[PDB]
Each structure stands twice: as C-alpha cells, then as structure tokens.
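Only one chain comes next, encoded as structure tokens, the form deposited in one PDB entry.
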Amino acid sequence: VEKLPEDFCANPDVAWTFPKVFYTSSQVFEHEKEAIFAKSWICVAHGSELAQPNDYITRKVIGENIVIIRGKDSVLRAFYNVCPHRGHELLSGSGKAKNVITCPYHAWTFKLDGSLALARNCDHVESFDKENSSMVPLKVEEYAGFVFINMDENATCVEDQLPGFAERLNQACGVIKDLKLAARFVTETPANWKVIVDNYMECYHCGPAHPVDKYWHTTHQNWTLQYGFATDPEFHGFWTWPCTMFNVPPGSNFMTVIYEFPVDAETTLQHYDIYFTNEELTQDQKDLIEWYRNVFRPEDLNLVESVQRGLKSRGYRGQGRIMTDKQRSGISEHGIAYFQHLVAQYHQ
C-alpha cells in the first residue's frame, strides 16, 4: 500500500515524478487497475469502426476482453467477451457479426443486444434463469466522435469525466465524423502506462529525441491541451484521463490517437491509430504512415522502454525532477505535474 500526499505535484514549479515504486509495483498496479481503469471511461475506438448495424470490435484492457457491437437495431452496446454458461470467449477480431452470436463451446445463442436466444436443453435444467443468463454488459458512450466504455455501470457520462473536452476537440478538428481508420500500429510496450503518459506530457525531448511560434500546455479538468502555431496553422495535442491522447496536426484535417490499454505494472498494450477522411489514400498519407511506422514511433517506444529499465536502478535516486520553467515555455515539463497530481488522488 504505497501512499502519496494530497498536494503531490500540486506546485509544478517545484515538483518531482512519482517514487519509482509507482512505476514498478504489482500492488500499485492492482490498485490503479481497480480504482482507475475499472471505474473510468476508457476510449477504445473512433465511431467509424462501429457505424453500421452488426459492426463489432474487440479490445483487451486490464485483463478484460470486451466486445463493442452496434446492434441490428442500430444501438451501440458493449459486453464482456465471455460466455455466461461456462466461460468460452464469444467473438474475435473485428468485422460484421451475424444476426446472432453463437458460443463455440455449447452453442448458446445470443441476440446482438446480449439476450439469450437459445440455450439447448435449458427447459430441462432445474431453476434455469434465462434472463440473467445473457451476455454481461458494460457502459458504452459515443462522445466527441469516439467510443468509450466503462466497467462501472453506476458511472455517469463521459462529459462528467472530461468537462469541456468534446467542445474543444471539435474546435480543433471539424471533420471528426468523416474520419476513417487508415492505419493501426499495435505494440505490447514494456513500460508502465504512466511512463508513456509522462512522455507525452512534455516537449522537452522534441529535438534531441525527434530530429513553432509559441507552445502552450494548458490544464483543464482531467485533460490537457498542448496548443500552438507551427495561413496560421494550429496544432493540438490532447491528453485525456486516464491515458488516451488525441493529436490534430497542422491543417486540422486528420488525427492520430494513442490508446493505452494497461496489462500489468511494466506492460502496456498501445494502439497508435492514424485517421484520414479519404478512403483512398494519397501518397503523402501513405508516406506519413510509413514515417510514423519506421521512424517516429520507434523513437518514442525506445524512449519509454529504456526509461522503464533505468528507473529500476538503485542509481536512479527515487524520483526525477520535473523541469518546469517560470514562463511555462514550450520545453517546460509542467504537464507531468498536473497528470501526477491527478494520479496521486487515487493513492491516498
């Protein structure tokens, strides 16, 4: 039971990162898994993957295999991807469901709303409860053009978690509804999910790690915006609680999105999604995909993997200095302090 003070990182001008145990402890991870990831809205996809009846996707986060499915009735729902009879998985990959889901094991059959449609011989089983033998649901919400799930069925909506975010994202990219998935990079990353957020929250490393008429990192309520000018081309980098990042590069007509799906204390599954409105890509778009694939993302992944190894050394003396400057300049690290102050509230 590692603990942090309430004002941890409350003053970004004099602040340090978490004691290293928070990036490595399996007990810390189990606490964050239940207190954060099982109670927060988790972004899983852009709405375009789920726009048509019978569309489905699958996702894996904190050990939970989830199916998100647009019903025959065009209603979006989410379920745990596990049969309520004896635990076989139900669907794999993504695509179009048939009009019923059939369990591979004993062929219990479910409508796309999760209701049990047919369970062989169940009229002969004593005290069989057909309603309450349905697929088990999660909360799902379409917000800001993206799709969020929540394992806490008592949760309130995404706007309560990210006040003002949808409004500001739509003022960064006006064509979100027209975006389509152009490429996805899936990486099982050997770093704690918070190291990856840390790395996003600063541009201190842009230049020395990646070979702008002012850059402002403003904090909001459970999200932040890195904003500036590269006409007058704007760029936007949004971090949202707990760990989904939305990038709107200069031009504001496409997006990249980083989805972090934590696995354990030192492992995070990442989706890096690239979205364009074209369904047939231009050469510029194809080259951009290859550049993200071969250069930009390998740089960022090598960084977090090396940091995760290095922070375990006894020569790394507990914590690292957050290099915040008084002027909140473009190379100031103060965004890390805002993130870590929010995390600290879950370790009281």
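Residue numbers count along the first chain shown, from 1. In this text, the rigid core denotes the largest set of C-alpha atoms whose superposition between the two forms falls within 1.5 Å. What changes on going to the form deposited in another entry:
With the core held fixed by superposition, the comparison between the two forms singles out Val125 as the only member of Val186, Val125, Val100, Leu118 whose CA moves by at least 2 angstroms.
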Given for the second form:
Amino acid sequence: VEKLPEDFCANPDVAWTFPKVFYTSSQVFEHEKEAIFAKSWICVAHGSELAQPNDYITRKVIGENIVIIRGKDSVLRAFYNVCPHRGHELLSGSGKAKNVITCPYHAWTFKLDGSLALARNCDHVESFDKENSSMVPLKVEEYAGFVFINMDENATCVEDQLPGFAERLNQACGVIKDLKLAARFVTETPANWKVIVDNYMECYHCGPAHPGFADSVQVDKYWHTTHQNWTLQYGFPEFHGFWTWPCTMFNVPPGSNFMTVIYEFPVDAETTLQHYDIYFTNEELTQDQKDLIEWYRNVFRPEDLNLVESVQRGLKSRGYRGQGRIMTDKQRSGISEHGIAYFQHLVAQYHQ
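Could you switch over to the form deposited in another entry, since the one displayed so far is the form deposited in one PDB entry?
Only one chain is given; partner chains and other molecules are left out.
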C-alpha cells in the first residue's frame, strides 16, 4: 500500500532517500522479499567453495535454507534444503557430500542431482510416488568467479542482471580463480538491508567515521560511476568497490592481489544477515594477512556496523522529518552521495 514514484531519485542532483516507512515497515519488507529477493540472482559464495564434485554449501536467505552442490557429473545444482518426506533438513554446514544425500530422520537417500535414490520400505507403501519425492531445485549459476542462486524458475542469467560486471571485476582483480576463503565474519545486523547499502554507496562518511584509515590515505578525486544494476567506486595504488543489485559488494583493495566481499541476506524489515568474507590466493596466511584480518574484524567493520545500527534506530523517531537529503554535488566529487540515488531509483521500480 506504500508506493514510490517511477522517477523517484531519477535526478540525483535534487534527491532524497525513501520515506522512512520503507526502511521499517514489515509490509514493505514482505513485498521486497518476494518481488526482489525471490526473483533476483543472489550471490552466495566464491567459486572456490564449490570447485570439486560432491562439494556443497548451505545458505539461508529470506527464510529459505538452500543447499548448493556440485554433482558427481560436475554439474552445479541448488536445492531447497528440506527433505520431501517429513521436512528434516538434509545437509548442514559446508563440505564434501558422500555419493548420496542421506536424510538424518528416516534415511531416504537422494542422488546429488536431487532425484530420489532409495526410500526405505517404499516397495510396501501403496501408490508411492517416486517422481514427486525428489528434492526441490532452484536455479544456480557460476558468474564472474562467484556463485548465484535464483528462486524464480523463469529467471534468465546473471549477465542479464549485471551486464558487463564480470569483465570489469576480472579487470580489477586478475587472480580471482585462485582466491581462497581466509576469514568470514558472520553478523546479524539490526538494520534494514537498504540502510546497509546506503552506507556502502557513499564516501561522505569515511573521513568522520573511519579516522585511522582515511587520515593516512590522502584520497581525493575518487569517482563513483553507475552502470547497469551495479556501480563502481574507484580511487587511488588502485581501489575498487563494486556494488551489485540487490546487495552484494565486491572490494579489491590497493594490492589488487586480494578481495573482500559483503553478502547481505535480509531477514526482516529491521534485520539483515551479513557475511563479510576475506579472500587471499595463499591457503597459508602470513602474519601480515592475519593482522589485516583482525583489523577488519575489530577496527574497520565495527565502525560501519555501529553506523547502520544507529541509523535504523533514528529512522523510527517522530523527530526525523521522514526523508534525508542525498548530498550530491554538481561535480560528482568523491564525497558525493549520488550513488544512493542510483540504488534507491532501482528499488523504487519495485514499489510501483
């Protein structure tokens, strides 16, 4: 029942953020849950986690426990992680599956393509239906070295969602096929998923909110350019910060020899599960990599987590007029907030 104009934030030079209800309403969240997150490609992992036959991972997004698994035939598949008998979860965590999936409850077994292998005693069950007792699939695709799922059977391909993105990312970081997961920070953040994207889409805040990092880095004339359902923040010692629709962020810091990736998995209007993954090419970490990981964990990320959490609380106040001015300038400077207008302009298209 809450709608946005089709031209909402179409002019970034004179633009404001959503009326606050869009950050807080459970009704708005339920619509975005089905119109956006059940019908878009959702990045869930780096390819290194699913490279070999029988490799699998599990993810939870908008209330759906999903298993992605590389088959014995090396075909990548994704399934709802729920047994078609009486609903027990099939796999937990991540690792290497055996040659069949065995349900922990009554030990029905499934091939890695989801088809029912053996249902105990089914020969003695009247009219047992073998073809509707398979695991339920969804779409999965490998794109740009990462892995995306899609709950909409009618989805096309990741490239139609993020045209040109793979090429640009492989141009910022040429070592993607050999990156390996070094650390993952798991946090349930009490902020709307769009508030966390807003926080990523500008550098207006890094001076005030990231003193130790911005003070040492003399970064001026850093540009934020929009493309097709993704954007690129590029600064100088190159920096790359990609945002991709709806809410996965890829960062290639100065060395261009490593990456950090932010995965946002919305839970409800005021809760978002975040994975903060750090990837290096070497499995054995040096102490310089170990220290860098702890700087991310204990110094950098807490500052951004605190910001979006305070904003979520303030957004409910009757003392917040309703919308915030997006501080875009004529020059599209490094401190311009125009990236927020691009993101919210796209979001508004789902609120017509």
